[PDB]
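Just the one chain here, the form solved without adenosine-5'-diphosphate (ADP), laid out as structure tokens.
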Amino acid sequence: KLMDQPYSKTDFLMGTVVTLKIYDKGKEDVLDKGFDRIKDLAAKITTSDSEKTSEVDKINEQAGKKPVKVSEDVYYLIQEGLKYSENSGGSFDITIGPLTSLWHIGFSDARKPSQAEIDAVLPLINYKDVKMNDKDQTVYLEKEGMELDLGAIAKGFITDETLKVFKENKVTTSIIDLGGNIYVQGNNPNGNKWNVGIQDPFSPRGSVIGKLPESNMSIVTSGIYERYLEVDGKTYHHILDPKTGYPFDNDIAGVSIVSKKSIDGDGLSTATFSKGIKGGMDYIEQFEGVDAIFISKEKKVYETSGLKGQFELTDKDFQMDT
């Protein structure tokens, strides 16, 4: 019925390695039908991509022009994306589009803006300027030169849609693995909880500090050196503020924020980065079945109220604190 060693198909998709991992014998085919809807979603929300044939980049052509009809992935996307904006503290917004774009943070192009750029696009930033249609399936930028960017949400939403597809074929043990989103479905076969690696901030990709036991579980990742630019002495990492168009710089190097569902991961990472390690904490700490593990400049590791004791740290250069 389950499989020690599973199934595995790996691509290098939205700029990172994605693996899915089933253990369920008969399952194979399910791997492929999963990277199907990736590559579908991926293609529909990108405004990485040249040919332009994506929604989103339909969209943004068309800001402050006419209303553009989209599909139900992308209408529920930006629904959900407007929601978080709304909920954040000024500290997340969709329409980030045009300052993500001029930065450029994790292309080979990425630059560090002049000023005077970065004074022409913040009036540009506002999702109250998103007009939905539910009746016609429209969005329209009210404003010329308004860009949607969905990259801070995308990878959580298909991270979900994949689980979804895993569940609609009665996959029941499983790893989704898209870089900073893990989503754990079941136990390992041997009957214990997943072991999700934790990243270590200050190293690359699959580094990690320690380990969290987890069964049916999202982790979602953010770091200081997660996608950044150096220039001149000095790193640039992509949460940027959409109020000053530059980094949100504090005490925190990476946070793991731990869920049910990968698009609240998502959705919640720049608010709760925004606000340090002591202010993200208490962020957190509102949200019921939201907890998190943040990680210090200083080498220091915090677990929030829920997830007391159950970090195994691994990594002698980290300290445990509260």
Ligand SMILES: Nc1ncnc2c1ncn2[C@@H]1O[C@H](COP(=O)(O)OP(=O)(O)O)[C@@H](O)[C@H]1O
Contents of the next structure:
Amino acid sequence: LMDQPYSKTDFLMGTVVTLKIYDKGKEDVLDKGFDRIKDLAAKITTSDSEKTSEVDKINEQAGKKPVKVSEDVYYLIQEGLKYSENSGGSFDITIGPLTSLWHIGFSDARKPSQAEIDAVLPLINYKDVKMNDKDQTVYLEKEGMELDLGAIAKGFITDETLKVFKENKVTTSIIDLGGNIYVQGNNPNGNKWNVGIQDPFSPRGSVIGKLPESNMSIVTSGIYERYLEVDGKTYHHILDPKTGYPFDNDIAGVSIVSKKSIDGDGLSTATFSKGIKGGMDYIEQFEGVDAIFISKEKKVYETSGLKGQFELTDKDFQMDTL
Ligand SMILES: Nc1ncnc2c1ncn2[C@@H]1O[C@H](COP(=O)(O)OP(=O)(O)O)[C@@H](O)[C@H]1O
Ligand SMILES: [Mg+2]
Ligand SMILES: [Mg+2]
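Alongside the form solved without adenosine-5'-diphosphate (ADP) that was just displayed, please also present the structure of the form solved in complex with adenosine-5'-diphosphate (ADP).
Okay, now the whole complex, with that chain kicking things off.
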């Protein structure tokens, strides 16, 4: 193991992405990782006017005909439908018509009018996604429907990147896709990795504290990471598919700790829909999954798996308990 890792940085999917590998001799696995990330993102993205992705193709054939898709996309949509069901539809990968409408995080983001929202809500229904395992085809049942895999793409890509790493016998590494961290192995000095917990009020990278972790995903969401501002008001990018407006409750930010990064992303949105007290309860129903919640009043909560493990460093915040 090396003290200083092999490191590469890029800007993809609208975020800074960095990979670090500490195993001597494996510098070329960084390119294998970024290659994989780029291949997955090209299949998944809807927001490239120059290329038609598999997701784009599914969307343009809504109500028309099923679409042959690759194993990567078929798999990701299957998992998205499970998270959709498991969430009670507060998370729904068919939110596409609604997220296209606000298009938060792009220079043309806007607050649509209620009448425009009302027109797209009847299109949001994960149950209208028709999978065929035999054919490996995906069919949206009604015209107008749009898939949006945004809320699970970085988790899936992280896990797929780790698979690339393990295939090349990488043992110690850090994968950072902006709002997703995976830490593999331990620090070369033998300690667990000290994972920063994001300060939801400050730019990405600022932290309120550290959580020691090894071989774990940490996924972070917050009310200010991608948002729109108009008339002195803020609209973040995690939308209520039943309302058309961003979830409004006491959560400022949440970091979810799990074995798989996709479960991190997956569980993120149903957690936002439930608030602090309800989101902790939801997370307590999932074995091997925990969370640190940060409320709008700057108080910090741990689920049972994590109780007493977060090390708070920012005095503006305070540990609290239900
Ligand atoms: N309720 C929802 N269910 C499913 N997907 C959503 C929902 N709201 C927004 N999305 C899509 O998923 C993305 C949110 O992903 P998330 O992981 O929470 O943010 P980040 O990209 O900062 O990690 C949005 O940008 C949008 O494309
Ligand atoms: Mg997510
Ligand atoms: Mg994410």
